[PDB]
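The chain below stands alone, shown as structure tokens; this is the form deposited in one PDB entry.
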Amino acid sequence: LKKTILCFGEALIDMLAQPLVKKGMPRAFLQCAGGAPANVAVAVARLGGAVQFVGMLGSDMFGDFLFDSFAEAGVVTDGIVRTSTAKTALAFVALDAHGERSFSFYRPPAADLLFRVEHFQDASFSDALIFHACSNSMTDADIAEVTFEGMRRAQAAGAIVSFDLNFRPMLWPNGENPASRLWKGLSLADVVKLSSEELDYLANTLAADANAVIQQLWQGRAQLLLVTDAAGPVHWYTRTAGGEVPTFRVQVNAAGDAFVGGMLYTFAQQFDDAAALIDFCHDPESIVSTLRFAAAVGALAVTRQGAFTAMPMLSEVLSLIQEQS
């Protein structure tokens, strides 16, 4: 069976700063499993899809926590490698930008950044129908090349390559221009997901507009593009048309990792092989149907200061779609 969704990249700890409780009581931080591709993997596993997380975890308490969290969720762990050379990355989340949500990362150096091409396993790509990655595994030259090689290997092995930009400027070296790597990753993906802001960023790097960006994507492997709005309406584009994705109102909005997990999960269930993506992209009726499912997953996922605390099961997602209909 070649139905496994391979999520590659970083898995890290989101440390959620809690509000001050009493007097000089020490502030508390809550430990939550995180990482863009990691969240996608857990969302897929919760729905019942075959999924594996490929990446490097530290040989520390946090790495053990992430490993066990993956196992408990049903995510295959065979492709995970370990290292004592660096610690598991930490992402501290709090408030200080006045009342804004602040971020403090312990990642210029981290375990996930040390994954090398030699760590990939042929069995992973043999059984993979989808390879999903994000730009965080492109923050330095070495890890970026590993991500590109994974995308190239996936394509050659018959897997659909999914790329959710998930651009986080803070994680990139000061003074360096990430444009080059982002465009390269974009040229190697069959399915691309961008936020409105990232689309604007990319347009600026071209000294042009959104249309120019989309046309640039069509010059590569891209067959499907999703653009998320801060608000909530997701737009989709293929080389033959464009439209909107049905949304859901379930009280908390922009499509994130759960949405992606929902989408890839459906792809793996419905596609016999990678070539099936082409027919899918030529059929707006299927596109709308599948993205509605993805939106339902995103709407049901529960987050706390970012970081997912609960992913929905298939029955719950289908019930929402059935009800809100």
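Positions refer to the first chain, counted from 1. Only the largest set of C-alpha atoms that superpose within 1.5 Å between the two forms is called the rigid core. What changes on going to the form deposited in another entry:
With the core held fixed, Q18 shows a CA shift below 2 Å between the two forms.
Relative to the superposed rigid core, the position of the CA of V297 differs between the two forms by 2 Å or more.
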Second form
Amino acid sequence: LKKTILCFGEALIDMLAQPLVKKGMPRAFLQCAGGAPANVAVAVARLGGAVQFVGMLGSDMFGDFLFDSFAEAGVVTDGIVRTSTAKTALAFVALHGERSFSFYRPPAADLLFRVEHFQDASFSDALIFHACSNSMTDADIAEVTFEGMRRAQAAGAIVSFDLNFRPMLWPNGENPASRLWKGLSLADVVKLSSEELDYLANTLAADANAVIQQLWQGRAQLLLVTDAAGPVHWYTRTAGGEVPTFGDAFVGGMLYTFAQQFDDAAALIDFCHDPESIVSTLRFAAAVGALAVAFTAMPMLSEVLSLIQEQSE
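Please give the corresponding structure for the form deposited in another entry, as opposed to the form deposited in one PDB entry shown earlier.
For this one, just the chain is written down, with no partner chains and no other molecules.
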């Protein structure tokens, strides 16, 4: 319960296949820092927010790369633990028509983070605890995530859950629904894509409304549903609407702004009862989010400034 954003989960290497300079030459793969909560933590640090990444990294070359990446971005690293038991996970993405994937996970270093690896100081100082479903791919890591979410709540931190459901990372022939819903019931703020909304609806053999109502049965106070290129839809236990604008980028902007606006977890409640604030804050989160990506700040800079001017006038 303070001002720090605690991002928990997996950090891994994205290996991007490069187009063949073709013939005789071995094809190349480019190394890039990846992991859902991992990139959000980096985005927040870049925006200037106070953030810590909590998770396990392998003691290998890649683990070192990820650790350094966090340090350079300004992400606090003392919550990070290491292991030689498993290698840092790898996410290979290549191209006959589109994207092809190959994940070296499980096993993986990030899957081995255990409850004893959490430090009480991280929770006491966290204003927000953020997680994704990738740290729920096996029974052990899932429970670890759930306990982290409960500890966060108990400590007075706002619990944020960005589903980021990636089926390919889940065990063959198993149903993720159960863990996804448990995770959803422990979050104060939930972020979903329109596709995940329909997926959840199906798991219920009902509609989007049934999902939203199910959500309100747990801890959830705010639901954000992003789209293809459409507006962001927000929902609370008392209302709903859409955010006019001019995925992950958004999440970073959102956590950064929430940390800047809320003094505590109670502030979220007042926020949810104020559609005007909701709209203004999310529109801003979306805008400032682009900055986590010399450069042009236009037309956004002018758009944001003119709005504030009109509102003050």
